[PDB]
Amino acid sequence: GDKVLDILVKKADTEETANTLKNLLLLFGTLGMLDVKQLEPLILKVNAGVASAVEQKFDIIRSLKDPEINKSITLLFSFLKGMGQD
Amino acid sequence: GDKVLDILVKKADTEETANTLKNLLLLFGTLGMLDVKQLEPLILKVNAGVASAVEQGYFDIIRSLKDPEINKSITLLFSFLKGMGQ
Amino acid sequence: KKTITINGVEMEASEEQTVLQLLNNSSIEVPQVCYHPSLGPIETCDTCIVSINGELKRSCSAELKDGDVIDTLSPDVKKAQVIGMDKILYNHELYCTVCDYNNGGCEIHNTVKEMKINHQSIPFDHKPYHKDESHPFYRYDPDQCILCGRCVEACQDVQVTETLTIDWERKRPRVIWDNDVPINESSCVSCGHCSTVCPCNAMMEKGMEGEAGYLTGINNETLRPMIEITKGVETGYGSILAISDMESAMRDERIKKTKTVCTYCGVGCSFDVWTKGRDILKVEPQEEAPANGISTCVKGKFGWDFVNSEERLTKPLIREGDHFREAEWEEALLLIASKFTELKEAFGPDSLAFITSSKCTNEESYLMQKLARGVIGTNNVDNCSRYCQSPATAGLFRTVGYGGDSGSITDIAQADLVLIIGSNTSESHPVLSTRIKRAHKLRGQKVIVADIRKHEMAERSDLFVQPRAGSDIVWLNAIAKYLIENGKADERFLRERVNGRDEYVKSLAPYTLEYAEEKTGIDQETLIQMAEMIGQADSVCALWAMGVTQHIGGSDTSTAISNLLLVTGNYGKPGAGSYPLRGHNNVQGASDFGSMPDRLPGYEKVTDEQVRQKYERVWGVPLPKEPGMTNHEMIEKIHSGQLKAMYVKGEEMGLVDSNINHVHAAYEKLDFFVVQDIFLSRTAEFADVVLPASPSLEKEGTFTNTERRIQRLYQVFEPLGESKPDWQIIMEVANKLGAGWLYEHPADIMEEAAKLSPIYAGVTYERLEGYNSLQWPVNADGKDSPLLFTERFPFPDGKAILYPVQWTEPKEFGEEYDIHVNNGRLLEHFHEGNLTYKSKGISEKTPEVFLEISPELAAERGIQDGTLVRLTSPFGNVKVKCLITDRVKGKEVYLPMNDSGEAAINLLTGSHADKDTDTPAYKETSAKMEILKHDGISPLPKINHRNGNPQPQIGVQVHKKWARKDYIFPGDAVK
Ligand SMILES: Nc1nc2c(c(=O)[nH]1)N[C@H]1C(S)=C(S)[C@@H](COP(=O)(O)OP(=O)(O)OC[C@H]3O[C@@H](n4cnc5c(=O)[nH]c(N)nc54)[C@H](O)[C@@H]3O)O[C@H]1N2
Ligand SMILES: Nc1nc2c(c(=O)[nH]1)N[C@H]1C(S)=C(S)[C@@H](COP(=O)(O)OP(=O)(O)OC[C@H]3O[C@@H](n4cnc5c(=O)[nH]c(N)nc54)[C@H](O)[C@@H]3O)O[C@H]1N2
Ligand SMILES: CCCCCCCCCCCCCC(=O)O
Ligand code: SF4
Ligand code: SF4
Ligand code: SF4
Ligand code: SF4
Ligand code: FES
Ligand SMILES: [Mo+4]
Ligand SMILES: [S]
Numbered sequence: 063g064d065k066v067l068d069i070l071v072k073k074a075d076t077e078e079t080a081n082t083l084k085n086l087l088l089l090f091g092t093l094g095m096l097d098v099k100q101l102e103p104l105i106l107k108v109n110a111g112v113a114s115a116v117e118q119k128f129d130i131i132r133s134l135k136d137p138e139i140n141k142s143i144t145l146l147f148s149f150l151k152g153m154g155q156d
Numbered sequence: 063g064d065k066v067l068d069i070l071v072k073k074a075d076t077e078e079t080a081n082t083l084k085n086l087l088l089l090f091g092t093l094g095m096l097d098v099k100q101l102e103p104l105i106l107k108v109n110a111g112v113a114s115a116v117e118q126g127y128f129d130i131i132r133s134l135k136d137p138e139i140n141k142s143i144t145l146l147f148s149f150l151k152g153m154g155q
Numbered sequence: 004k005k006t007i008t009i010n011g012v013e014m015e016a017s018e019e020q021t022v023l024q025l026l027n028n029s030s031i032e033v034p035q036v037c038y039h040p041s042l043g044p045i046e047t048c049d050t051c052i053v054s055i056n057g058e059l060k061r062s063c064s065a066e067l068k069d070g071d072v073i074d075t076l077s078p079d080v081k082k083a084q085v086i087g088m089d090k091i092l093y094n095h096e097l098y099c100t101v102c103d104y105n106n107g108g109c110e111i112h113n114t115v116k117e118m119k120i121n122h123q124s125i126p127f128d129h130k131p132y133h134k135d136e137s138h139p140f141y142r143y144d145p146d147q148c149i150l151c152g153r154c155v156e157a158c159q160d161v162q163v164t165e166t167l168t169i170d171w172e173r174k175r176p177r178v179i180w181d182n183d184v185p186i187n188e189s190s191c192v193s194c195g196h197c198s199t200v201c202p203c204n205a206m207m208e209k210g211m212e213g214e215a216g217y218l219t220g221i222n223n224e225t226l227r228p229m230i231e232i233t234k235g236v237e238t239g240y241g242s243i244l245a246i247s248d249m250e251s252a253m254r255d256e257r258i259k260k261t262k263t264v265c266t267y268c269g270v271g272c273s274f275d276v277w278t279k280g281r282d283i284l285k286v287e288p289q290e291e292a293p294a295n296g297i298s299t300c301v302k303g304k305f306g307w308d309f310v311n312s313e314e315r316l317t318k319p320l321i322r323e324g325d326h327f328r329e330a331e332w333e334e335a336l337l338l339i340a341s342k343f344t345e346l347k348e349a350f351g352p353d354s355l356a357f358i359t360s361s362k363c364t365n366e367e368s369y370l371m372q373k374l375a376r377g378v379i380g381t382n383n384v385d386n387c388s389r390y391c392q393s394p395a396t397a398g399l400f401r402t403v404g405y406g407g408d409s410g411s412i413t414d415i416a417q418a419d420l421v422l423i424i425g426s427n428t429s430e431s432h433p434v435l436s437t438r439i440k441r442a443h444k445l446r447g448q449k450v451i452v453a454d455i456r457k458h459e460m461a462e463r464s465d466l467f468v469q470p471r472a473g474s475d476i477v478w479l480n481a482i483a484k485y486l487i488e489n490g491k492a493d494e495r496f497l498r499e500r501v502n503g504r505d506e507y508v509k510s511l512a513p514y515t516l517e518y519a520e521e522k523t524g525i526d527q528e529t530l531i532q533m534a535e536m537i538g539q540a541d542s543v544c545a546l547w548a549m550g551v552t553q554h555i556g557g558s559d560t561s562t563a564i565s566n567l568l569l570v571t572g573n574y575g576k577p578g579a580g581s582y583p584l585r586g587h588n589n590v591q592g593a594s595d596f597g598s599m600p601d602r603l604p605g606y607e608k609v610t611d612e613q614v615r616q617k618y619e620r621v622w623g624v625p626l627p628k629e630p631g632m633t634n635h636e637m638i639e640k641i642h643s644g645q646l647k648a649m650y651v652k653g654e655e656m657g658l659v660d661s662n663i664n665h666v667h668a669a670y671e672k673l674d675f676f677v678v679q680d681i682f683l684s685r686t687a688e689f690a691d692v693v694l695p696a697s698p699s700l701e702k703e704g705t706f707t708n709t710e711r712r713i714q715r716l717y718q719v720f721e722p723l724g725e726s727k728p729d730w731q732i733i734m735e736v737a738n739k740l741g742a743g744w745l746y747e748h749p750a751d752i753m754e755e756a757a758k759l760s761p762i763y764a765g766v767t768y769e770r771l772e773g774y775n776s777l778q779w780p781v782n783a784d785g786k787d788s789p790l791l792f793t794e795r796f797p798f799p800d801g802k803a804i805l806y807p808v809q810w811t812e813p814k815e816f817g818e819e820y821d822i823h824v825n826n827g828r829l830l831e832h833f834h835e836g837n838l839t840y841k842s843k844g845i846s847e848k849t850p851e852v853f854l855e856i857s858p859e860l861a862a863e864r865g866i867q868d869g870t871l872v873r874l875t876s877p878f879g880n881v882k883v884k885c886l887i888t889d890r891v892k893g894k895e896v897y898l899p900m901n902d903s904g905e906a907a908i909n910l911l912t913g914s915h916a917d918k919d920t921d922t923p924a925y926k927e928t929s930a931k932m933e934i935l936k937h938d939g940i941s942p943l944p945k946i947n948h949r950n951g952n953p954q955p956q957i958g959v960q961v962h963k964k965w966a967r968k969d970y971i972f973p974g975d976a977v978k
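Residue numbers (PDB author numbering), protein chains in the order written: chain A, 63 to 119, 128 to 156; chain B, 63 to 118, 126 to 155; chain C, 4 to 978.
I should point out that these hints are in silico values taken from the structure, not numbers from a laboratory.
Where is the CB? At the ideal position from N, CA and C, for every residue including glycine.
Keep in mind that the hints are not guaranteed to be accurate.
[As the list claims (entries may be wrong)] The following residues of chain C were derived to be distant from chain A, with all beta-carbon distances above 12 angstroms:
#1 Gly220
#2 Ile232
#3 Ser242
#4 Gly280
#5 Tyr768
#6 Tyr774
#7 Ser857
#8 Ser914
[As the list claims (entries may be wrong)] To give an idea of the chain B side of the interface with chain A (calculated C-beta under 10 angstroms), a few residues:
#9 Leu88
#10 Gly91
#11 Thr92
#12 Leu96
#13 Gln100
#14 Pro103
#15 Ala110
#16 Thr144
#17 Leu150
[Stated by the list, open to error] Pairs of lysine-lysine residues, derived as DSSO-like cross-links and limited to a Cα-Cα distance of at most 27 angstroms, are as follows:
#18 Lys894/C - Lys931/C
#19 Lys918/C - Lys65/B
#20 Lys151/A - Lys151/B
#21 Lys209/C - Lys65/A
The following block holds chain A by itself, in its conformation from the complex:
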């Protein structure tokens, strides 16, 4: 075990492996701040978008008006409004 641990620690001593473990722990702390409780409706909407994007066959101007489009682009603008706090 003394040799196995010696090999293990010596190979993990690289600053590439240290960063991987450092950011893995910090990633959980980041996820703790992220309010995933209120993500429920957003995930259901992004789910419905993925479903419609698989059924495929100046158009940018024509498409920017549809009732389905307006709900999404206004929600996208509402998301940008939220990112303006202190």
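Got chain A; can you put chains B and C with the ligands on it based on the hints?
Same frame as chain A, but now just chains B and C with the ligands:
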């Protein structure tokens, strides 16, 4: 063990650590709603985009738009926006 | 009055001189990494930054003035504390989970935790020095050193060795030993102070290295990358501090911390032993320790190897012809009972002597005398106090009535003057000497040293007089005559508190300044200075030891010291008194419990029919009325066919009694000899039965130190093999003779003895729990006596007695014996070294005995270091290597006791003893020197502390740190 658990619980009692565990459990529930079965084609397309991005003004945005490769992506992006709306 | 407002709330200040002292008593949070109450303020860590009236100031040094508005919570005061901590953390690497100092008591660890620190502003940079692991007992890790100067304050101003200093003038400051030499080669006396007071692992005992933690055993090759991995990964300090706290808590399973009282000398140091299984990790001293505080010497701090020595006796030995047979405990006890009963029936009870050990506990002394008087029926009991301060107790009994020191070690550190007569105080009572050295060095206490050898106390004394061997009473009587006749004696004291004054002044008649200058050799002018210093000092403590008592007139010279103190009025008041420094760890307690031929416990005379009758009712048997033999007298009675048996416990009589050729001759004649010891001592070789006894760490009980301070022992280890603690053995021997004793713990023995001994009436184990102590006389109400004779002297009229004493000329050996062989001990070694030679770290720096030769005598006889010579006296001869030093002068040499063969000092000594107390005159030994070999390796290695180069100074020199360009006070970080 009584002291080890006392130290462990007392250090984890912080609101910051409680939120991290709360959102970790909530994250799995969010993933349960997310239809990752239908993500297969979307992931293959995002994969092909990353591959082409590795291989390296105002006048160019006009030229690049309506291109055969571009049109397929921007119409799929518009189709995704159409889905988000109930 | 002194009213102060701390953090808004107003409060009344009590006796706190500093702001930090008040904050601590008020339970207000304030970092103090470099503050240790035993050392005082240092101003090095800069973490106690509080705002005294808006000004950011270090609270440890800030004097608490009346009407001060101190704040310890504003964002600026906290931002200043963290800045000071950042510099500590830049000089100290936190690796707690894999650090041996992560035992919950690490001041850096708990300060980082207390300060809710998560990041380190200044990254840890390694210092450009390697670890100084040269010393056998402790090591320096400069990379972990925060330069707090706690070790420097301890070495300089507490221990007063002056080895440690901090090179502030260097690019990267570092703790220096002497003029930056390796620890082993320096003057470091290995006291342990520096590791004890160090707030982190920077100065640690080698015993702790790799032992204390669960992950500290991992080789540094694997552990170093683990620390580097963890350092990189780390999210915050609090996360990995919690992991380290859980591991620190787990250590409680393996590491056992037990309070004990030092088994070595009479200073009575108590401390905790940290043991992982049978391994002693470190001797951790405590501030609550009544006699020593955080102070220790090499013997108590690091000299415990003997307890685990492979040479420890674990099975009783019964002599089978030309060898010892290992035998069962039952057969050894049955043989002792059969032979003791045989000699008691055929030759009487007085044909059996019993020797108590002053190394053993109070209860063990009590049981040895209960066996001798209550079971065997003889008063033939005694202890090593016979060769020791028996003349000093005779002197105190004649004048002040109590067989103990006048006060505590605290009174010695308080004294205006300390008169030291024939006492190597820093080597024989090191922790007691640290109080004198500190008082003289810092408080300006006057120290007078009367001695024939220039030791540390002589080198540091205000006045060092060198009287001729045995002439001490001549100058002592002359000081009293001059002070009485010049009107400088305390006549108010002598009046209402003393008796026999006119008869005393009549006996002082021959001791004129001319006679004193003629006999002692001390000139009249310096004799005036001694008398003026003694007289003008408000409080005088007179400390004497074997230089005074190991003489034919030893009892009288001791009486002269007490008489002088009576004259100058130095009794019944703090800072003054008679202090005959008690030898062994428990010599005071062994005598306190009746291990003398003439007295029962509590010093109640044996011939006192009223005392005897009290013990007869309690013990249920008649006590012998006639007194017994002394320890010295016992060998004479074997030679004259009067003593057929001897039961000697923990005493190396075959080497420590005078004239060991005559001692050994009496051992061959002796019918039955039982030696009870932890090792097969020189004495044990002459035994018919050897009983394996267990040392202090393997038993419970109490010890009484030089201050009459009864202190309790807790069991550190269980008795090794079949070795039993001495009380258990004595009890089992008595039970084999039909005693029917039913003790289960030494506390049962103490309860019986406290009822009988009046001076111990109020002593109970409950009153001695933990670091609690009691100084006798202790009345039944538990009220002790820290300072004797405050109200009255213990005589029928409450008055002390001036005792007429005459000079008894020291024994002259003959004109052919021109070398006066002075003898004693060494700081590091305890007697012949049965205990200290087992400590390999002590052996490493002092491997052997040596004969100190003066440069004068070495020039005359052509002696160099290592020259084998032969000192021959009319009693025997020693062959010993030589060591030249100005510690000895002219034809007086010095032969320490640390040898068990060819160089045993007691081969030279004669059986001539004190006329009143039979204490062998060891300081009256003459011999003739014959060169045997010219070339030999020096008997004192380069690494011995005596080959050092101290760097004396007051404090840490923190002003040198502040003078640097890089120094920026944390408080000054405002704009
Ligand atoms: N390190 C250590 N400490 C010990 C011990 C030990 O073995 N090792 N043993 C313990 C025991 S049992 C004892 S009793 C005490 C002994 O404690 P001390 O009595 O302090 O010790 P020693 O060095 O034996 O005493 C001799 C001292 O008296 C001086 N001296 C010799 N002759 C005279 C003289 O005629 N007049 C004067 N004025 N001075 C003289 C010597 O030079 C030396 O300084 O120490 C106890 N402490
Ligand atoms: N030439 C000369 N001779 C002297 C002196 C001097 O200055 N010069 N000093 C004299 C004086 S003051 C004294 S007190 C004596 C010292 O003489 P001793 O009192 O004989 O001293 P130490 O050599 O410490 O002997 C202690 C013994 O006790 C044993 N021991 C230790 N702990 C225990 C325990 O718990 N139980 C048992 N049963 N045994 C234990 C040790 O192994 C060792 O054999 O020397 C005296 N002899
Ligand atoms: C008994 C095993 C000793 C060998 C292991 C050496 C590691 C000791 C742990 C102390 C902390 C490591 C010291 C350091 O990294 O500076
Ligand atoms: S000495 Fe104290 S602060 Fe330093 S690593 Fe060890 S436990 Fe932590
Ligand atoms: S060695 Fe001295 S200066 Fe360094 S941390 Fe220890 S006590 Fe402080
Ligand atoms: S004498 Fe040695 S062990 Fe004692 S404090 Fe000084 S340097 Fe440290
Ligand atoms: S001074 Fe005496 S009691 Fe204190 S540690 Fe040293 S030997 Fe032990
Ligand atoms: S305790 Fe005040 S600066 Fe260190
Ligand atoms: Mo002694
Ligand atoms: S002693």
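Checked hints:
1. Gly220: The claim is violated: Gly220/C sits with its nearest Cβ about 9 angstroms from chain A, within 12 angstroms.
2. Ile232: violated (6 angstroms)
3. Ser242: Violated: least Cβ distance 8 angstroms, not greater than 12 angstroms.
4. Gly280: Consistent with the label, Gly280/C stays out of reach of chain A, its closest Cβ about 21 angstroms off (over 12 angstroms).
5. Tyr768: Holds: least Cβ distance 47 angstroms, greater than 12 angstroms.
6. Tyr774: Non-interface label stands for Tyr774/C: nearest chain A Cβ at 41 angstroms, farther than 12 angstroms.
7. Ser857: Given a closest Cβ separation of 57 angstroms, the condition holds.
8. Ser914: Check passes; 62 angstroms lies beyond 12 angstroms.
9. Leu88: At about 5 angstroms, which falls below the 10 angstroms cut-off, the nearest Cβ of chain A leaves the hint on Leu88/B intact, so it holds.
10. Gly91: holds (8 angstroms)
11. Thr92: holds (5 angstroms)
12. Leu96: holds (6 angstroms)
13. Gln100: holds (6 angstroms)
14. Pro103: holds (6 angstroms)
15. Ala110: Not OK, violated: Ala110/B not within 10 angstroms of chain A, min 15 angstroms.
16. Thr144: holds (7 angstroms)
17. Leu150: holds (4 angstroms)
18. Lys894/C - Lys931/C: Roughly 10 angstroms separates the two Cα atoms, so the pair holds.
19. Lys918/C - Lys65/B: violated (65 angstroms)
20. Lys151/A - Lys151/B: holds (21 angstroms)
21. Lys209/C - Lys65/A: holds (25 angstroms)
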